[PDB]
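What follows is one chain in structure tokens, specifically the form deposited in one PDB entry.
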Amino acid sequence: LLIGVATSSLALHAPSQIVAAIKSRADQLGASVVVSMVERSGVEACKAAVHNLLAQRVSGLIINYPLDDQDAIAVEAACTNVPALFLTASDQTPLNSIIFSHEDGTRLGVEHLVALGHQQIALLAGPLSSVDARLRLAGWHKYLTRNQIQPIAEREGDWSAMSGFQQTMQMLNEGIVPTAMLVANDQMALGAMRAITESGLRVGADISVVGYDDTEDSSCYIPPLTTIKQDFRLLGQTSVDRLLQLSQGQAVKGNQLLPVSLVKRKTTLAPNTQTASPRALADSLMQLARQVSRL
């Protein structure tokens, strides 16, 4: 009894964790797992990945790749008589899915920051070609708009830590300086955190930052990142069981949602109007300046 998994061939952290989670469950059920990987490139890429898994004589599919609603339906088409469970959707996808509430993760983030009293807030989305990123960005916009705040700046990365840094620097070097940032995944946050820091500012204290995923490394970012936990362990367990129900011709054939949670660590703080004095401010320097003469 064998299950096929298709996944972005792109070595990001969450997709890695998700695939671990899936294996972990299947182990407990004694179902074997095989993985094919999807060469970026959208929907035709995925249609091919599927065809391998099918050739493998699998008993069911788990599509762990982010697809447009139109693209998903196409991919479902390929699964000729094979139960297929997608880990993308949006709201009224007429396919079998499990995804986390994005509606929650965005609310939570925004509500957390707004409660701390931040008004000058900025957004750092994933690559908007990806529907993940699109939804999360919409969510933020919605709940900010719903709290009479329009974000002071938005920007798009690609999920990488380094894209996080580059956008956050570009923004700061334009002289746009928020007191808080909503970031679309934990790797981009890390990069944004460095950008802040190297820009002579303090994470939390000066610019608060809020991640999205609570991937493993995040609890140990410096300082430990406040972020939206999506429980991938859970998503694995869930989807496998769901898929097995599906192959028995008896399931909640349709969309399904999983909860998220805020994880408050040390990157979020009431915005400090950290108003230092004119004459002692120039002092920090009037020593600094001398130190070089020593050199």
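Note that the rigid core is defined as the largest set of C-alphas that superpose within 1.5 Å between two forms. Numbering follows the first chain given and starts at 1. First, how it differs from the form deposited in another entry.
Once the core is superposed between the two forms, every option in 256, 245, 56, 261 stays below 2 Å in C-alpha shift except 56.
Core-superposed comparison between the two forms: CA of residue 45 displaced by less than 2 Å.
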The other form holds:
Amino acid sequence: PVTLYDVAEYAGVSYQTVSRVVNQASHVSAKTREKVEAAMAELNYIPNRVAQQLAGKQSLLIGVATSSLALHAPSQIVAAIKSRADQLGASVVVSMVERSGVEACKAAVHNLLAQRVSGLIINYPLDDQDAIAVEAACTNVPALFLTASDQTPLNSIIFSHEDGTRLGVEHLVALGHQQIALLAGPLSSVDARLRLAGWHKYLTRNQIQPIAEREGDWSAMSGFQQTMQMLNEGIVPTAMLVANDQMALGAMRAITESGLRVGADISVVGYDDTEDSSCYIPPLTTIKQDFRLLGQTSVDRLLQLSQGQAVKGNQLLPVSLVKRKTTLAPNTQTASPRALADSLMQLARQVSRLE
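Now that the form deposited in one PDB entry has been shown, please provide the structure of the form deposited in another entry.
A single chain, with no partners or molecules, comes next.
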């Protein structure tokens, strides 16, 4: 071919030196790594082996099957994963799952397996039935799941959906709310269904039935649209539990644009605690999920599993309510007709001043 001995006799260096480069920067002065890496590139030279160029002094090589990095939560996690995996001197190989469902995910795994990975993290939302089908596909390779579900028997880490829903409900019940609406994610999504189940569960335990229930698509816009729809249908709760912070944003807008006050008239609770919620108007009470932690933890755990020790269990991570300004004790006090008529008059005056 173009050999390892050709790279060397024209570039002026030994075959210990060309072979020390092929691996990683160690005992060769950084100034002689320019005489080699330009002599390799200007004659096209490469590995075999190419997993013989991942041959030492040890590897853990880990595969991740994830939802789109477009989406905020999955990016947080993978960031953390990649990040932490680095600290531990293991490498990460992502395989994105442009949707949707289990055949999609089963495929993303069969890829990672073809790339001879030593462990798997599944960051893709699956109901328990399907998660089992996937675990089947992992075939003698340790597999940690960051989204299940149904309880599950397998290796998992998740945040407590039970806690999240409980905290929110309890918060509002304790502020003395009785008229409550839910705004869930799309129901194709397992995470949405779990969240909603949770809300029902705990509201039932406080002798409460939600006065309305709706379904967004995770986007703020859908939070606005559904909330608008609802208020226009004359349904006007004192509080809303919302399945993520972005829909909560859209709800808040719907409310505000409907002539109501967020908190003082309709309290709202989110989920996720995104960077931006702290500066919504007003700042948004929500459930914190530390995705960076989930990601980082999942790596420690996976390395352990790949040496036959760890929790071969399922594992939960705590969450927490973050009180801010969208939660206040209920209030149906609301402007009097005389006050509205006055506001109207003011705009009639402004109107008459136009062309």
